[PDB]
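Please model the entire structure based on the sequences and the hints provided.
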Amino acid sequence: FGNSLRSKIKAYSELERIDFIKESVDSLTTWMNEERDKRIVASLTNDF
Amino acid sequence: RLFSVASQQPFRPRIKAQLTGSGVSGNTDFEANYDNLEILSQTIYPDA
Amino acid sequence: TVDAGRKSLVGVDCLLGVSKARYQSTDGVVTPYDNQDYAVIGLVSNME
Amino acid sequence: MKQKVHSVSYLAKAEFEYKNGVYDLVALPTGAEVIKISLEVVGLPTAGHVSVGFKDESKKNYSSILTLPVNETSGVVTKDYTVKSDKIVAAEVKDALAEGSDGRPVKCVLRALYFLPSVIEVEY
Amino acid sequence: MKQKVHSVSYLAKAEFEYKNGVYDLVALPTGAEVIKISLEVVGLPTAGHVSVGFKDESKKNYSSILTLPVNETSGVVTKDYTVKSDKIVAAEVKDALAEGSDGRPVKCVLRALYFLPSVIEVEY
Amino acid sequence: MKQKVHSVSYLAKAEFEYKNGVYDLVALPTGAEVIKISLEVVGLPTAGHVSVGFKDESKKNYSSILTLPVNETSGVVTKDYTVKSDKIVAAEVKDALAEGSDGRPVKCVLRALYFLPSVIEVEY
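Residue numbers (PDB author numbering), protein chains in the order written: chain U, 98 to 145; chain W, 50 to 97; chain B, 339 to 386; chain X, 1 to 124; chain V, 1 to 124; chain S, 1 to 124.
Watch out, some of these pointers could steer you wrong.
Taking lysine-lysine and the BS3-like style, the derived pairs with C-alpha atoms no more than 27 Å apart in a straight line are [as the list claims (entries may be wrong)]: (1) B:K358 x U:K107; (2) V:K19 x S:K84; (3) X:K36 x V:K84.
Simulated from the structure, these hints should not be mistaken for laboratory data.
Quick look at the structure:
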């Protein structure tokens, strides 16, 4: 499983002051962590 | 213009036309509007 | 280089196997462990 | 067998809340190949018409291409369009009051599938 | 003029052999933009109906959206759909016997053109 | 939920000038997933029919799939097609004289939206 993010044109990225590589890496690490944890919880709380 | 063709074979000079196509504006992908590089040719045949 | 080099794409992917421990008998004989969650008991309550 | 084809296609989806007014739903580029326009009414209207059509970015060039009364609640344009300076898909509702028979507000969804003016050469 | 549009589109084609049963034809993601569903009957049926509709991956949430009797042998859904947990396009044939009038088995083909939930921003 | 879908789609647009003859409008590959054929008449014809259909690259395998008289000036094929050796979309006009009622020549535009035979695997 995974995600991805696509940026805007580099001119806009440097114009609205987003460093898309770093922000995307951080936010996707976050999303991945909650995805693994939800996997664990969903398997754990499956049929009892 | 005297063409330096010494092979006396029928010659064909080519020219590259100016791009008259609109581009893409802002975040829009290049793919949304590709331009067409047009080449124009003319052939010169000998006469005896 | 997703548009032509203008934009970018940051993707994150994980391959992971997760399962609630539930051991099946390697033969036909009945053991108190067969279709039973190894170490899990459910607790259900009206949330509000 | 060799030709030039449009290889890039977009879908634009826009909602408005079905009461009198004019809404600018979809923006199209010059040379866009509009191949599907679909309008949908989510809810139970009691009275009114929705007219979708084309208009300029600025000037008052509105002209309905699909009219929807209350009853059928869904429609699709019967015609295909190449965008020639009419770069706004717009929708107007001239008659409409509050939701009616439901208590929940009535929605209208417009989906526009169009191909970009760019072409590429392919032989089969 | 600036908007977000769906730039990714897929077509799923699936065949079944037109006799009583339920078939899970097309799988759709959440947020998919289903813009065309078409059903076709290849052959000469003698008796029966085909109902295509939406149902859950697991639970029994079937609801017909297009019904086809024997005669017309082709149909298209009149409505457009955003996938909200009903992630199976399914087709059921309640009445059908052997091919009939042909000796060669009767086919049904379903084509689903849908746009992926992903969006991109474009200004024209 | 896992399937194979066609992820590549093209639109071919071709014009002809609406007088008697046969025109080879769109070329399709084997296995192409033809999902929309639309024909449009730009102008005011006075007499004649346009028949669009499929034919071979070489041999005389023409068979009309959509016939358009003068009055309605627009049409769409009601059926979906997988290209099996009939790799030419063609249009013939058997009856037609000069423009009529306008002084400006009558155009016909055919747009063919089709999906390429390539497939990819996706699970949702």
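Results of checking the hints against the structure:
Our distance criterion of 27 Å between C-alpha atoms is broken by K358 of chain B and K107 of chain U, whose separation comes to about 45 Å. In summary, the hint linking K19 of chain V to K84 of chain S is supported, as the alpha carbons are separated by about 26 Å, within the 27 Å threshold. For the hint pairing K36 of chain X with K84 of chain V, the CA-to-CA distance comes to about 22 Å; that is within 27 Å, so the pair holds.
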